[PDB]
Every structure is written in C-alpha cells, then in structure tokens.
Amino acid sequence: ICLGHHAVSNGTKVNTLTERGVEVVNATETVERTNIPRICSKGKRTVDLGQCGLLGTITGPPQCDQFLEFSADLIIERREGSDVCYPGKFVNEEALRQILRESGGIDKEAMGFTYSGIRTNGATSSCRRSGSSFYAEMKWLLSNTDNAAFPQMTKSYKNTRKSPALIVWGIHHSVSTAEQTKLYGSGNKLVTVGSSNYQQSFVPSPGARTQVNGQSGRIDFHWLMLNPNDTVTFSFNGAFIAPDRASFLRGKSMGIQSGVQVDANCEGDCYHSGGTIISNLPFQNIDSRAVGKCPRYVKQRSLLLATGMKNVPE
Amino acid sequence: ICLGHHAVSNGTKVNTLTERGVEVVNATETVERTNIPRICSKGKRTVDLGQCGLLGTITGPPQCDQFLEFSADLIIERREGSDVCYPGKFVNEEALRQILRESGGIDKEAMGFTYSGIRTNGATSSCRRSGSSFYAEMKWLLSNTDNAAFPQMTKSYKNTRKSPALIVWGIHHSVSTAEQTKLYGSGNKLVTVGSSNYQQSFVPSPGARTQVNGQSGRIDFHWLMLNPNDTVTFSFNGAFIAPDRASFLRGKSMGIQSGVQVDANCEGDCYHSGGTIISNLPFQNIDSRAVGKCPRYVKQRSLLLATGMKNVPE
Amino acid sequence: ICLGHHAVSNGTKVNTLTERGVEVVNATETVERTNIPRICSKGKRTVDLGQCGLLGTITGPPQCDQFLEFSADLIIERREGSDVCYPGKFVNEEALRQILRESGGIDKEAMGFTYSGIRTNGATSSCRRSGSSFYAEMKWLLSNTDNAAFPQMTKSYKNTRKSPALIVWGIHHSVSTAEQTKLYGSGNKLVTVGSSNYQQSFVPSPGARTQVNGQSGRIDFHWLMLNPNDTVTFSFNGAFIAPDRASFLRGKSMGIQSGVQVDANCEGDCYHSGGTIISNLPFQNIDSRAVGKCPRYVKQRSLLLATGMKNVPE
Amino acid sequence: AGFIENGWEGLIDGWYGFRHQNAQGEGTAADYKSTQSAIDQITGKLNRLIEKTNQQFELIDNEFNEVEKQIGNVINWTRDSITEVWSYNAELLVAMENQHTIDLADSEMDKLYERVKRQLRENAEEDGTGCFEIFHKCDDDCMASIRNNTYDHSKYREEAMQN
Amino acid sequence: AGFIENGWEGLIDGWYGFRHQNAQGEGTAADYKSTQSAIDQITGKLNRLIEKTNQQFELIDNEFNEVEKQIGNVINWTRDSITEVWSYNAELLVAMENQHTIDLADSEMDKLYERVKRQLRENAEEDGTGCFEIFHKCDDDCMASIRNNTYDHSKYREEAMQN
Amino acid sequence: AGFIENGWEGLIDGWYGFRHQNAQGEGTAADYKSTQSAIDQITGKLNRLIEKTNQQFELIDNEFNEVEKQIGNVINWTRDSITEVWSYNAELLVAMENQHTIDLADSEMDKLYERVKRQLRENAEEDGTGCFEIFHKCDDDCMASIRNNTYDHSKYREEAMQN
Ligand SMILES: *[C@@H]1O[C@H](CO)[C@@H](O)[C@H](O)[C@H]1NC(C)=O
Ligand SMILES: *[C@@H]1O[C@H](CO)[C@@H](O)[C@H](O)[C@H]1NC(C)=O
Ligand SMILES: *[C@@H]1O[C@H](CO)[C@@H](O)[C@H](O)[C@H]1NC(C)=O
Ligand SMILES: *[C@@H]1O[C@H](CO)[C@@H](O)[C@H](O)[C@H]1NC(C)=O
Ligand SMILES: *[C@@H]1O[C@H](CO)[C@@H](O)[C@H](O)[C@H]1NC(C)=O
Ligand SMILES: *[C@@H]1O[C@H](CO)[C@@H](O)[C@H](O)[C@H]1NC(C)=O
Ligand SMILES: *[C@@H]1O[C@H](CO)[C@@H](O)[C@H](O)[C@H]1NC(C)=O
Ligand SMILES: *[C@@H]1O[C@H](CO)[C@@H](O)[C@H](O)[C@H]1NC(C)=O
Ligand SMILES: *[C@@H]1O[C@H](CO)[C@@H](O)[C@H](O)[C@H]1NC(C)=O
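Note that the protein sequences, when read in sequence, are chains A, A', A'', B, B' and B''. A prime marks a further copy of an entry chain.
Add 2 to a position in the first sequence, counting from 1, and you land on the number used in PDB author numbering.
Add 2 to a position in the second sequence, counting from 1, and you land on the number used in PDB author numbering.
Add 2 to a position in the third sequence, counting from 1, and you land on the number used in PDB author numbering.
Add 327 to a position in the fourth sequence, counting from 1, and you land on the number used in PDB author numbering.
Add 327 to a position in the fifth sequence, counting from 1, and you land on the number used in PDB author numbering.
Add 327 to a position in the sixth sequence, counting from 1, and you land on the number used in PDB author numbering.
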C-alpha cells in the first residue's frame, strides 16, 4: 500500500525564511487593502461639524450656533469648517483641538461678569445674523462714548465644579492706532490674566493686515483651564473680548478629519480621511495616520500567510 | 524493553504558535508584577527634596535653604515640594527640571554684582525666615526713595569655568501700576538679556492676580546657560530680581517622582512613583512611565515560558 | 558504506536560541562597523556651504554671496558656517533649517517694495564687502535725517506663484534708546505682520548686549511662508530690516552636517558627520543619528549569522 | 513532501490518504486523524494571528491646518520609525510562520508513514518512494484493516516471512 | 510525546527512562544523557531570555505638574506606540520559544528511541507503541547493558534470529 | 551532526559525502544533491536578510547648535527607544536564524542517510554510527551505483540474505 499527500494544479506563492516564491496549496492575506469610503458611525453618537470649526464651538460664530453644547462619541471635522467669523486666530490652537476631540462634547456655564461704566454690545459686518452680530459666547468690551477712556477694570471667576473649566478670552488688534483710540481710548492697554498655574498678560498690536472676511483688524484668542476651586483673574483696560460662558468637558470621545459621508449602516473603529477600515487582519496598507483601533500600518501591500502544505504537482 | 517520558498530575498551561492552552510540565514567568513599595536607595547618594521644589534649589526660598548646594546620584521630588515662596512661575520649567534631575547636584558661585545708586534688600511677608525675607540666591532690586526713579543700569558676568553656568533672573509683576511706580518709578521699564546664543529682553505686566500665599503680584523666573568663556549682559531699569550666584552642574544623576519611603536596605535601578521594580525578567506590567534600567513595559499581565516538556498524563 | 558531514579545524562561534558559543563551519557579519571617512557624493549635486550658514542663504551676509540661489541634491553644513554678519539670531531657526535642508535649493524673486520719504541704505562695519555693507537680500530701513521721525509705513506683497514663498524680515535692537531715537526717531515703534495664517506684530527691545563681531546691537530674524494667491502685510514704523527678495523652494534634497571631505569617487546614501556608511547589511553600529537610507542602528557591535553547519571535529 | 515525489491532485478528499493496488482492484481513501491534526494546527495559527488590538490611538497631526514645522517633523520622524518597525515585524512573522507551516505538514506526513510502517512489523518490506511492498496478498478488507489501525502484526506473519 | 501515548507519572527520577519487564522482575530507571541534554538546552533559553538591559531611560513626562498639552500628547502617543511594539514582541517571543521547547523535547525522545533501536540490530523487533519485543530472554544485567550502551549487537544474534 | 560522532576534516569536496572500504581499496566522494540543497537554503537566508530599506530618514537633531532642551530630550528619548527595539530585533533574529540553520543541516544529513538506507532494502544491515554493514561484498562500481542512486534492490538480495 502507498501513502502520499494532496496537491492542486494552481497553487499560491508565498515567502519563507529559506525561499521566496514557494508554491503552497492555500494561502490567506495579512495586509488589509479594502476600504469603505464612508464614516461608519453605526451605534455611535456622531456630531458632523460641517462648516463649523471645532474651536468655534467654544467662541460661537454664526456657523457654530447649533454646536455650542454638543455631545458626541465621534466628532467629525470638515475642511469647510471655519473657527472664526471676524478674522482672528487661536494661540496653541492644535492643543485645544486635541483637547476638544476627546472631550465627548462640551457644557457651557455663565461666568457672571457684570460691567459698570462701559459699553458691551460690539458687532461687525462679518459675524452676521439678523444684522451685524458677534461671537455668541463672547462680549466685545468697548468704551462708552465714541472716543472716551477705558476704566482700569478687574473681573474674576472661580470654578465651582469638579472638572477643569475652559476659559477663552480675546485681544483686539485694530486696523490702526487711531481706531484703537476710537474704540478704547488713548494710552497703553494691558490685559493681565492670572491664576494658580497661570501668569500672563497681554496688550494689543494695532496695524493694517490683509483683508480677510472684509476686515483688516484681528482678534487673538487665548485660553486656559481652571482647576477645581481655583480662581481666574482678568485685569484689563481696553481691546478686550470678554468671555460670557466657560466650557466643561462632558466625557470621552474621538475626533477625526474626513471628507466622506456619514453612514449608520456599517460599524467601525478605525477611521481615516478616506473612510473606514473594517478588518480583522493585523496589518493594513491604506493610511499611516489612521486613528482609532486599527491594524498596524506597514509599507508592504501584501504578505501572504500559508494555510496549506507544499504544493508538488505531477 | 520500553522507554517513555515523564509527566505530572497538575501541569501548567502555556501558549504556543500552534495552540493556546497547552499543558506542560514546568513553566516560569516572563512579566514581573511584584513591586517593592519603597525607593530602594542602597549604595546611592540620595537627596529627598521634601517640601523643597527642584527649581527652588536654584532660587532659594526658605524651604530650600538646606538644598542650595546638594550632591546626589538619586534625586527624589515630592508632591509637597514648592518651587516658590513669593507667588511666581518658571518659564520653560520642565526643561530646567529635566536638566537639574541628571545634573548630579549643583554648585553655586557668586556672580559679583555691585550696585551704585539703588536699594537692594527687598522682602515680603511670604518668604519668611526670622522676619520678612526673600529668595536666598536672589536680590530684589528697587529704587532708593519710596517713589523715585530707576537709573538705567547695566551689569554683566563672564563664565570663567569649563562647564556651562546656570543664570536665573526675575521680572516683577506688581499688583498695580501705582505700586510699580512706587517701587521702581514711573515710565517704561525694559529688561534686556544678551549673550552669544541669547537675545531677549523683557518688561513687566502689572495688574491684579489671584491671591496666592497672600500676595497678588507675580515674579517671572527666566534662565539661560552661559557657555565657557562667554559673557552675559543685563540691561535693566526696574522690576528686576537680580541673581546673586550662578549654578554649575556637578556631574550625572537621575531624577524621579515618588510618594513612597526611602530605603537603604534594598538595591534597585528601576523606579516609579509607587516604589522600585527589583527583577531580572525582560518585561514588566506595573508602570509604563518607569525610569531607570527597567524591563520593557507590556500590556499583558502574564506570559508563561515553558521550561518543561509536553504533559501527557494517564 | 559510511556517510558523514564535513568539518574544519578552526570554526566560528555564534549564538543561538539554545546555546551561546556554538562552533559552526562558516559565518558572516550582520552589523556593519566599517566607515568611509568622506562624504561620498558621486552622481549627486552637492553644495558645500563652508563658512556660509544655511539660514544665511536667505538673508545674504558676505560669506553667503555665492549661495543666494543654489540648487542641490545634497546640502552639507559646516561647523565654521555663520548665519549672520551683524550680530543677530533666527526665531524658530531649527525649523527653518529643516525646511531648507530638503528644499533642493532656493530661488529668489524681488518683492517690489518702493519707499517714499525715508532712507534705505544702512550699513555697518561687520557686514564688510568693498567697505561697510549689509545683508544682500535685506534693506536697513532708517529715517531720513540723522534724528527725525519715522512715518507710519505699510507695505504688502502677494505670492503670484504656485508654491509657498519664504518671507524673512528683521527687527533692530539698538545699543541704547538714544541710538534707537537717533536711527528711527523717538516714540513707540510697532512692527505688525499679517496674512491668512499669520498674526503677529513686534517691537524692539533696545539695550546693551555682549560685543559680538564688534557691535552690541542685535537683529531678530523672523519668517513665514506665504501660500499661493495669499498676501502678506507689513505695518511698521521703525527698527525694520525689510526684505528685498522672497525665496521659493526648488524641489527635494537632503541636508547633513559633517566635517569630512567631499568625494565624487564613491557612491553613498547613508551619511553621518564622520563619513559615509557603504553597506548592504541590515544593521550598523557607527552612529545612531545617521541620516539617509541607512541600516538600522543597534547597540551590539557584532552579531554573527551562521552560514555553515555545526562544526564537530575529531 | 520530500521523497514522495509528487502529490495526488485527485485526492480532493483530504490532505493525506492511502492509495493501494492489490488484486481486488484499486483504492484511494483519505486519512482523517493526521489531516485533522494539521488542519487544527494551521487553524490555531490563523486564530492567533488574526487579532484586534484594543489599543486606541488618537490624532497627533492635522491634515487641514499643518502644525508647526519642528514638532511636525518630529512627529513624522517617529511615525516613519514605527512604520519601519512594524514592516519588519510583519515580514519576519509571515516568513517564519510559513516555514513552520510547511515543515509542520512534512512532519505530519512523516508521522503517518512511520506509524503505518510500525503497524505491519515484518509482514511487508520497504521499497523506496513511500510505498510498502506486501509479501502476502492482502485483500481490500485487509487494507481497510490497515487504514483504521486494526491490521494484526502476527496473524499474517510467517506466511509473508517465508516470502 | 507523540505515539508514546502517555507519560510515566511515577518517573520522578528524570525526564526519560527505561521501564522493562523480562523474567527477573520489573525495571524503571531514568536515562541521564538525553535528560541532561534537554535540561541544558532549556537552561540556555532561560539564561538568554532573562536579561537586564544596561540602557537607562530618564523622565520625559511630569506626574505632579502636567506639561504642555501638545508635547504631552506627542509623548503619550510615542509611549503607547512603543508599548504596542513591546507587547507584540513579548507575545510572539514567548509563543515561538514554547513551540521550539516542546518540539525540542519530542526530538530528544525520538533520538533516545532511535539510538536504542540501532543498538540492538536484529536481536529484537518493533511492536507499535515505543517498546522493543525481545526474541531472546534478556536478564536484568543485560537490560543494564542496554541502558549504559554496552549491549552487544552480535553475541546474542542467531539465538534471537531463529525466533 | 548527532550520532555521527565527528566530521571528516579532509572532505574539502563538499558538505556531505560517502566514505567506503570494501575490498578494492578506499573511497571518499562528496554528494552533490543534499549539499546543494543546504547551500541553496542558506543562500536564501542570506539573500533575504541582506536588504536595503528604501526608507529615508532626515535630520531631527542638530550637532552644531543644540536645539531646545525639552524637544531635545523628547527626541533623544524616542531615538533610544527605537534603538532598544532594533537591538532586540537583531539579537532574536540572528539567534533564531542560527538555530534553524544548524537544525536544517542536521535534517539534510538525516535525509541523505535515510534515503541511502531505503535504497538498499535487506541487502545490508545497520550498525550504530552512520555506517551500513554489507553482507555481500560490493565492489567499487557497486558503491558508485549506490552513490548515484542506481543500486538495485533485489539483484543482490538472497545472496546477502543468506548471510
Ligand atoms: C483557503 O483560505 C481561505 C482564507 O480566507 C479560506 O477562506 C478558504 O476556506 C481556504 N480554502 C481551503 C480549501 O483551504
Ligand atoms: C472645593 O471647595 C468647596 C467649598 O466648600 C469644598 O466643599 C470642597 O470640598 C472643595 N473641594 C476640593 C477638591 O478642594
Ligand atoms: C520550575 O521552574 C521554576 C522557575 O522559577 C524553577 O524555579 C523550578 O526549579 C522548576 N522546577 C522544576 C521541577 O523544573
Ligand atoms: C578660556 O579663556 C581663558 C582665558 O585666558 C583661556 O586661557 C582658555 O584657554 C579659554 N578656553 C577656551 C575653551 O576657550
Ligand atoms: C563564508 O562566508 C563568507 C561571508 O562573507 C563568504 O564570503 C565566503 O565565501 C564563505 N566561505 C565558505 C567556505 O563558505
Ligand atoms: C490664483 O490666482 C490667479 C489669478 O487670476 C488665478 O488665475 C489662479 O487660478 C489662482 N489659483 C489658485 C490655486 O487659487
Ligand atoms: C509629514 O508627512 C506628511 C505626509 O504624510 C506631509 O504632508 C507633511 O508635510 C509632513 N510634515 C511636515 C512638517 O512637512
Ligand atoms: C498622558 O497619559 C497619562 C496617563 O498615563 C494622563 O494622565 C495624561 O493626562 C496624558 N497626557 C495628556 C496631555 O492628556
Ligand atoms: C541627546 O544625546 C546627545 C548624544 O547623542 C547629547 O549630545 C545631547 O546633549 C542630548 N540632548 C540633550 C538635550 O541633552
């Protein structure tokens, strides 16, 4: 009696320690290349920011009015999103973005700042609602009379809760020094911000800039995080965008950037800007910057694991 | 004659490439989980800073008077440690901390600054010794008469040694502009610091802050490292905390943060905040932030290496 | 008939999973230790900067006059290279260096700034050519009469090309406030720079510094990158080093730092400061900071791979 | 898969099998125990390598608004290093697993052969290429007694011994 | 550990041993050479894997005063990546070493068996389950001659050949 | 390389060979097939491990003008971590490859031996240390018939059987 092994006419080539191109009976893939060109959001609380920039949800330009108190397990940034209506920028913007992505949403709370002896309803043609408006969560602090002085004012807020609060203020950089003296009066203007982990103070830098959104003045957006039972102090005297409400982190989530469509039909934990990687394989060759619970990215496009024996045909 | 292998009634399950749960005769552990809840400092020169913050050893608040010229192979930071007596903060504090942790101690040397036409014995109720004192290694530079002017002063120090020197100065941020004009006189105050690798200049930002340690004024602490045969120049005119002595690194050491007790009975090279990892195994599952000469941290709590054969019982 | 294997008198010891020091017939090396003490530049476009610092190629001190529009596949920095002629420093210098190393060279283009009512031919004894000169690509903006005022001036430049432009300006920090009022007139001087991704404004910090290259005044060098079809705006009024021409990246290259000699006889892709690593082995033990297409650095100096069988001699 | 010079492409019944030719016709029937052993081992490899790491990685870059150049080049540097590491790990892992798989199948074939050899003690003799030359004519039911490991090691002994 | 259907739980004397039953009673005595070979190999594995890296890593984070958020997230990102790498390395290393250990012991058992088989050339015959059927009654001292590799391959030859 | 107690240092002709002594003198000639198999396998290992990664890494530090201390310590931290990883990978890789190489050569020797054993079926008998005791005097041309795998398994059979 004889005894042997099986074989096939068309085998599958793999690589080993010894050879490169050994023909085996059956093989399987270890590097995922298939992509789902959608953000698989089945079972998750998704917030698609759209034209609203992430940081904008803290300041509140018009395009973010429907995102001032969101709650999510998955936060999607969009390329068309804008953080500002009046031309400005955020100092340490990417750090605050990475904070807000895994925050699980935000929760506003009024800080309770009352002002005696100044005006408090600044607006502009860019931040537009019914007419000329402004950032929802902010207040443009000006002087009473077209052209007066600004009284050296001091405000303060204590975090009365158990999680760190998010404090965001602004510094106005007017188009000229004559316009700065028009809005806030002449003389040097100093903005001091202090707490238990914070020093700092700031002052403006008026001058002409590029016309963005119609205006040439800018607004610096600064932020800190108040620890529980810690107080924050603002000693200002002009060119000040005061915070109305502070922000509190809801819980935990994950932030992604993508340009594909949301889909509640498929489930996924590994996301990139092109879609979702739905796979059980240990490796992937689609995006090295994929976030979530992903297979490890490798440079190789294919690595075949042998599931059968050596194929020796007649 | 027959011949076979040995076996046991109670084997030990391990994992292989092929199976998961193979019963073998004997096995050993490869992931260390046992911890010693003490800082094993046998044979090492240890300096437990206690209530003295690390950076404080350069400035010299009261709680650091016994640490102005320490020498260590192991430096322990404590949570109760405070870097300041008068409320203030260090710019680039973590970098200076990481410098001082592996310095092996510090060595002070007088910089030799003599002042003609000003006062030089500032004090406060917070930095307390016999009465109202100040930072040991620092000098609060004020104006002669309650309320005068500050003469535009210029000082300089050359590093006459073979290792880089540590230069630390301060900028006073008074509670108000009236208090700043009281201490240093009216007018703009500019603090310029220059060398071969350094530009910079600074000026104060007076205003009200949170009452920390009783006071509302702050002090910025800045620092640079003078190269050998390089000179440092200070062009100042008010709101200046001048350095009395410069610091020099002694040698090499390691800095840890911990809340457990020192112990000279056990020897250890791998430390974390919970104690010491005394092990010869290649892996550990205790703290991913452990420092020193440690086994590599892994997520798994147990990985059993087979030291015996396959266990096939009757 | 008998049958056996071969052997040798002098074998080669290797390590295995089981033993340490097994004698085998033949073995080969896997860790490269041989170095070529030259920068093998065969077939590559090399630019040896020599006494010209990399960043200097953007500003144009005398020692960089022959490097204002270079083109390279390999850029070599030298220790004797100097980025400045007048004492100054670059803000975010290392980032700009890493940008310029892989730029493949630079391409200048005049920005077209015309000035009406000021002087524009500043010079100094340090930046020396025929007599007292200045940075080639820069213009020292002063006031007309020894001692006048500076008119609040505003200039702007739009990037009319398809790649980001490199914009570099300067801020003069004079030796004193009397010299600053001499050059640019009294009063506060504010330098504002704005675009679509940029805010900022700056002002000077006069005062005495260390005498470097003969002078005590400094110059801050700042830079940004204009996106295509984006405009940059400068609102200044004194202490200004204006840019004459902007820079554009040519393509792709690699930057190294070395002190060995260029050699067009050998070919290499892995470079370090000591020479070139010409090897096919997967590992190396020469320099952990080697750049290019290198074998992976390992701590071990030798790891012998067995190429023969077990050596069992008589 | 060594000196068994080729495989039987018609054996679509299993991995290993017996093919005999005595006097009562032809035979080709697969063996279940060895085939199932190899299948369970390869299955173990597959179930171990297919794995979902519960480790979640967050964003660190920014695709829409590029971060500062220095920290960006440090991030890119680290990501490329980790990519090199995982590429190496994947390559070596796949190659090693393939080697052990092939040698595993060869080992199982050798075990089948050696067992069938020891099951008939002096009743048959070895030839050269993985067959057993019978020196007593063994009918089909006797071949089936060889297959399910019930062939007797002495009840046909001297009959084939004298031959 | 293959067709030797089970192990001898009473053999607390070593890893491998001989258990015989002839006419002068019973026997069970361990073998020293093979057992010592396997013990030395496993010992080599243990001494190689137990290793202290002379590489020292310093602090980069701060447990008491959290560092800036951006650099902190880059640090956490890198540390988690390296943790993934070392977890993978530990898992694969342990699994591979266990496989080679088990197959190593099986190999040593097979070597012992094959040597004892070749030591007696035609004096005894193979049975099926790791025993050797003697065709000449071999007393206890002859079994001990088999154990210490001194049994003669011809001085009992035709006596057992005729049987 | 197991019970073949030592190697033949004079066999500078190949890896494996036949050395015979019958009546017509002495013989020592290498075997080409097995030697070439092992040589091709080791060659495969070498060609696979010698590899140039097309991945290019740029500078991130600065040797002439030291970067900021914090980012510098993060960079040094990461570089040292990756150095640890690659040191481990190199060590384990080399050790594993060496093990599989040695065991590979031993396997090839065993295959050569087993094939030569099965080529002569009952014409010769086993001795103990990798030799074959002939029971019919086989001249030099018959030894060469054994070498190139042409020795007949029956045309010398009963002549050596009666002995
Ligand atoms: C071959 O491998 C694939 C892997 O996906 C598996 O689905 C398939 O059932 C296998 N087929 C055979 C005949 O082994
Ligand atoms: C915060 O302050 C409130 C005020 O009474 C106190 O009840 C609470 O215990 C404090 N919590 C902490 C964590 O300090
Ligand atoms: C089993 O392994 C442990 C590992 O620590 C060792 O201490 C012990 O001596 C071993 N015992 C036996 C019987 O192998
Ligand atoms: C530093 O300056 C002193 C002054 O004479 C000189 O002797 C010494 O060689 C210098 N060392 C270096 C490293 O420049
Ligand atoms: C031994 O290995 C080296 C590796 O470089 C090779 O060049 C040489 O030809 C080999 N020699 C023998 C006899 O195997
Ligand atoms: C840039 O502006 C020019 C001006 O007409 C236009 O032709 C070109 O399409 C623009 N390109 C981009 C990318 O905006
Ligand atoms: C990092 O790599 C990406 C490509 O994955 C590239 O787009 C980006 O510009 C790189 N970062 C920097 C700072 O150049
Ligand atoms: C990094 O991880 C630690 C936990 O190990 C966490 O406490 C810390 O907050 C993280 N860093 C940041 C910036 O969130
Ligand atoms: C990083 O390591 C190098 C040695 O490779 C050392 O020269 C350098 O000083 C280190 N970096 C810092 C910030 O100390």
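Because the hints were derived from the structure by calculation, they are not lab data.
Do not take every clue at face value.
If we take Cβ atoms under 8 Å as the criterion, some of the chain B'' residues that face chain B' in the derived model are [stated by the list, open to error]:
{"id": "1", "residue": "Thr380"}
{"id": "2", "residue": "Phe384"}
{"id": "3", "residue": "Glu390"}
{"id": "4", "residue": "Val394"}
{"id": "5", "residue": "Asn400"}
{"id": "6", "residue": "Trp404"}
{"id": "7", "residue": "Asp407"}
{"id": "8", "residue": "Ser408"}
{"id": "9", "residue": "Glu411"}
{"id": "10", "residue": "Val412"}
{"id": "11", "residue": "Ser434"}
{"id": "12", "residue": "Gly455"}
Here are some chain A'' residues the structure puts well away from chain A; computed CB gaps all over 12 Å [to be verified]:
{"id": "13", "residue": "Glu71"}
{"id": "14", "residue": "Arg163"}
{"id": "15", "residue": "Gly196"}
{"id": "16", "residue": "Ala210"}
Partial chain B-side listing against chain B'', Cβ under 10 Å, derived [as the list claims (entries may be wrong)]:
{"id": "17", "residue": "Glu390"}
{"id": "18", "residue": "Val394"}
{"id": "19", "residue": "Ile398"}
{"id": "20", "residue": "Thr405"}
{"id": "21", "residue": "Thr410"}
{"id": "22", "residue": "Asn416"}
{"id": "23", "residue": "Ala422"}
Note that beta-carbon positions come from the ideal geometry of N, C-alpha and C, so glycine has one too.
Against the structure, test the hints numbered earlier, and report the numbers of the ones violated in rising order. 1, 2, 3, 4, 11, 15, 17 and 18
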